[PDB]
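K.L.:
Each chain, letter by letter, is given below.
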Amino acid sequence: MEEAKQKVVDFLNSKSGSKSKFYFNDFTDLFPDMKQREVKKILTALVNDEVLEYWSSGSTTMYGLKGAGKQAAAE
Amino acid sequence: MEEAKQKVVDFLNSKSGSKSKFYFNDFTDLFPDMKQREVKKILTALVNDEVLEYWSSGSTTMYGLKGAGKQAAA
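So the protein sequences, as listed, match chains B and A.
Quick note on the entry's author numbering: the first sequence kicks off at 1 and runs consecutively.
Quick note on the entry's author numbering: the second sequence kicks off at 1 and runs consecutively.
Any given hint could turn out to be false.
To be verified - Computed cross-link-like contacts, DSS-like style, restricted to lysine-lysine with a CA-CA straight-line distance of at most 27 Å:
{"hint": "1", "chain 1": "A", "residue 1": "15", "chain 2": "B", "residue 2": "15"}
{"hint": "2", "chain 1": "A", "residue 1": "5", "chain 2": "B", "residue 2": "19"}
{"hint": "3", "chain 1": "A", "residue 1": "19", "chain 2": "B", "residue 2": "19"}
{"hint": "4", "chain 1": "B", "residue 1": "21", "chain 2": "B", "residue 2": "35"}
{"hint": "5", "chain 1": "A", "residue 1": "35", "chain 2": "A", "residue 2": "5"}
{"hint": "6", "chain 1": "B", "residue 1": "15", "chain 2": "B", "residue 2": "40"}
{"hint": "7", "chain 1": "A", "residue 1": "35", "chain 2": "B", "residue 2": "70"}
Please keep in mind that the hints were generated in silico from the structure rather than gathered at the bench.
The shape of chain B in the complex, shown without the other chains:
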């Protein structure tokens, strides 16, 4: 995986201070050096590859690692 994508996965794959999904703007907050359009492109490629799952949320979007939604529902 390329470094920018690996940094998304590593943030999400954390025990402490984490949850099943984060806003688009949580990722731009974490990678302020990147263009926001490029953050959207890398997140979308990770959803297409099924590393991430995608959600609509209100007026924006959320992302988490594949399976996190069902795992949290299970509880």
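Using the hints provided, position chain A relative to the given structure of chain B.
P.N.:
This is chain A only, laid out in the frame that chain B set:
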């Protein structure tokens, strides 16, 4: 995603499914027409792609969707 890989992801991406630990032979049980080595290569590709994570467990190996280990722990 190729069909066998998608079958593994869909099997794991479920509520029932997230409550459980699945070992290598549980996946080979789902692919009776395949050699164990072919299933190991499918699962290893999914680990490389970081769709799955895996580790050694007991006498075998355990596979889950990426992040499952640390979600559950939290």
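K.L.:
Would you mind marking each hint as holding or not holding in the structure?
P.N.:
So, going through the hints one by one against the coordinates:
1. A/15 / B/15: The given pair, whose Cα atoms are some 20 Å apart, holds under the 27 Å limit.
2. A/5 / B/19: holds (26 Å)
3. A/19 / B/19: holds (17 Å)
4. B/21 / B/35: Holds, at about 21 Å.
5. A/35 / A/5: holds (15 Å)
6. B/15 / B/40: holds (24 Å)
7. A/35 / B/70: violated (30 Å)
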